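One chain comes next, on its own, written as structure tokens: the form solved without the ligand.
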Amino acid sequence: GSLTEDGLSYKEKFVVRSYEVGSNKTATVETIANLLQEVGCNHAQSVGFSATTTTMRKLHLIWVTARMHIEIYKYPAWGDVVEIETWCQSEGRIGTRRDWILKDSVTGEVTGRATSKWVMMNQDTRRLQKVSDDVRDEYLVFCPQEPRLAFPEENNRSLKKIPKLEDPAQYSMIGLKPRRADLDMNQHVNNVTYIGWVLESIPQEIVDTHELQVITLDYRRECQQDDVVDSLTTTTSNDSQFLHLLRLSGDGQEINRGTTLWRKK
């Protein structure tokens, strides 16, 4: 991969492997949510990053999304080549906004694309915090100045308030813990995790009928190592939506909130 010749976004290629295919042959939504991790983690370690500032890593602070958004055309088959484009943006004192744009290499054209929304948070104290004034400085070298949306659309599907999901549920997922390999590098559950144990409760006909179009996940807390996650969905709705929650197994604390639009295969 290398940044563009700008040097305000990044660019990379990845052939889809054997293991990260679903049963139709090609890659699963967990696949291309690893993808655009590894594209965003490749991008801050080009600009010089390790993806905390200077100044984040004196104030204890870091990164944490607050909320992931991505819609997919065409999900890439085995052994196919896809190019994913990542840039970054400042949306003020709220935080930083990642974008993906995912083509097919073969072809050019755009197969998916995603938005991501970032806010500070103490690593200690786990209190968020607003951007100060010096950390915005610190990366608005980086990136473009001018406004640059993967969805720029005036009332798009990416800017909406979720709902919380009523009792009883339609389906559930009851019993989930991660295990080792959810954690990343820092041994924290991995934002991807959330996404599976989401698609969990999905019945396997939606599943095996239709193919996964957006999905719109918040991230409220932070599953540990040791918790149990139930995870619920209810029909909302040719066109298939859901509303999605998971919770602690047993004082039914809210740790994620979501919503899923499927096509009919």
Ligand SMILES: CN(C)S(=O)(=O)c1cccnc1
Given for the second form:
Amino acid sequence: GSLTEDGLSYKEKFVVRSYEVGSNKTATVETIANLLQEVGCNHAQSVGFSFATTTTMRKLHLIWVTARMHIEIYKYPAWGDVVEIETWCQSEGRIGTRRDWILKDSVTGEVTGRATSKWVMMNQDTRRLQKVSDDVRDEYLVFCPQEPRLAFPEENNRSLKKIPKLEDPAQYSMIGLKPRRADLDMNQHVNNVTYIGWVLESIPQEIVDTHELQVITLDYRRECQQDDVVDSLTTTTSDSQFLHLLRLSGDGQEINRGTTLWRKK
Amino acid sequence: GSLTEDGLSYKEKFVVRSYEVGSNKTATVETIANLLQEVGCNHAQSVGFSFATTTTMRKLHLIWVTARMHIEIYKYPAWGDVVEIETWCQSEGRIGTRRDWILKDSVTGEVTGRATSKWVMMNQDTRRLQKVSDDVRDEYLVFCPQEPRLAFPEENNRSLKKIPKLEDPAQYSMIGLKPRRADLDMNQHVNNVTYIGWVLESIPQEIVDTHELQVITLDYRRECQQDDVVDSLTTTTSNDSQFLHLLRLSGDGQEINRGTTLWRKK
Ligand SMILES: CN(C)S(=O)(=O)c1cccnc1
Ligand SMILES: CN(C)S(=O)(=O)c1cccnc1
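May I ask for the structure of the form deposited with the ligand bound now, the form solved without the ligand having been displayed?
The next block holds the full complex; its first chain is the one shown before.
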């Protein structure tokens, strides 16, 4: 991949792999989310941020953490197809940062998906969320477009909707989910794509067989440790809409909450 | 990727991804095994197949299944590195087929890994193994080198060693392992790379932190269903550390896999 001409965004092409597709021979939403993360990492490397912590952040032991992830897919690329992903970032004042993505069919040039994510600053050791400092914001502003550039521009759209907490009893559940070493990143933390898979595990197999996932919105509240056990809960709220909740098996401590939207094939 | 000049082997280059690496910033053995499967699938597609089912196999409802997988890694590629993989197949008479791989550093040209796998023919519906018929063998022989070409040629080598069954009690164990939808392939069967991860789950974290996996040999006895639960068992058998492995169903203890791993100090 490479930065665009202005150096304010990054593009990369991916050929969809055999083990990356589901029963419809098209990429799963977890493959999509892995590709978004990969192009995001490559964008940070290309502009000198060898995740994307500034020099001031490293000094104060500060990192970027995902607070919200929102994905909308129109067409899932088929096995062997080339998908082009463009990514860019933007300052969100002082409450955090935003990373957006546009997915296109490399052959037709048509938009087949779009994603947005909200990131917040956190002390890596105490896990205490912070507001972004002035001297921190000026070292990454020069790498962002100055005028607003939104993957989800529409005034009051799905990407910024408030998500409620699922009430017991859940309609559906998948209990005792544990991460394995493949679910951990290079820093031994559970990678955020695993939570998408765990949320989707409580959706019944018949819904997966007859519908395609169009929208997924996820709020990240707490991280899951490598020795933690998770329960995945789903209730239909409706196209089919579902309310989701991931919580620790024992005490029931909330780790995630979300919503999915599915349309008949 | 592409077939070589003679059309008897296939090469493909891969750039190692961020989520594909472990704590050392190098590709995991599961990333390697996924790449081997991907280049294998692309080789079958490039020569006219659609996995590697001949016309006679489709007529009789027959498929290729892995019986044994053997991987030896000298250097795991780092994140952002380009790895080149060459793959080819060879008929093993009526026993079945063999698929071999060579992994090279694209910049240095040096061999950094090699793998071999034994495949057997099975009826899709009854799951009954069978020998390769003459009609089937002639349909794929023209796509293989005629003279032997072995990734593991050595007259006394690890790839053909008999693996014993682990005896209870196991030294280490990881219980209650279940596959999720990400662990299933396009035909909704548990992907063979998941079994490698499940085998590795019973290795203690301190061994993983201080050693690197050099060799892994896996025998496939039975498939794990999407609603099945697995127990992973390990016992040390040994500088280098060797382990004996066993995957079995949580309930009745029905064997699904058995294997051995070899690790060297970093
Ligand atoms: C400069 N890049 C666009 S980036 O993705 O590395 C980034 C974005 C926001 C904060 N810090 C770094
Ligand atoms: C590339 N081909 C040699 S292949 O892998 O499709 C194959 C191998 C053995 C049997 N049938 C098909």
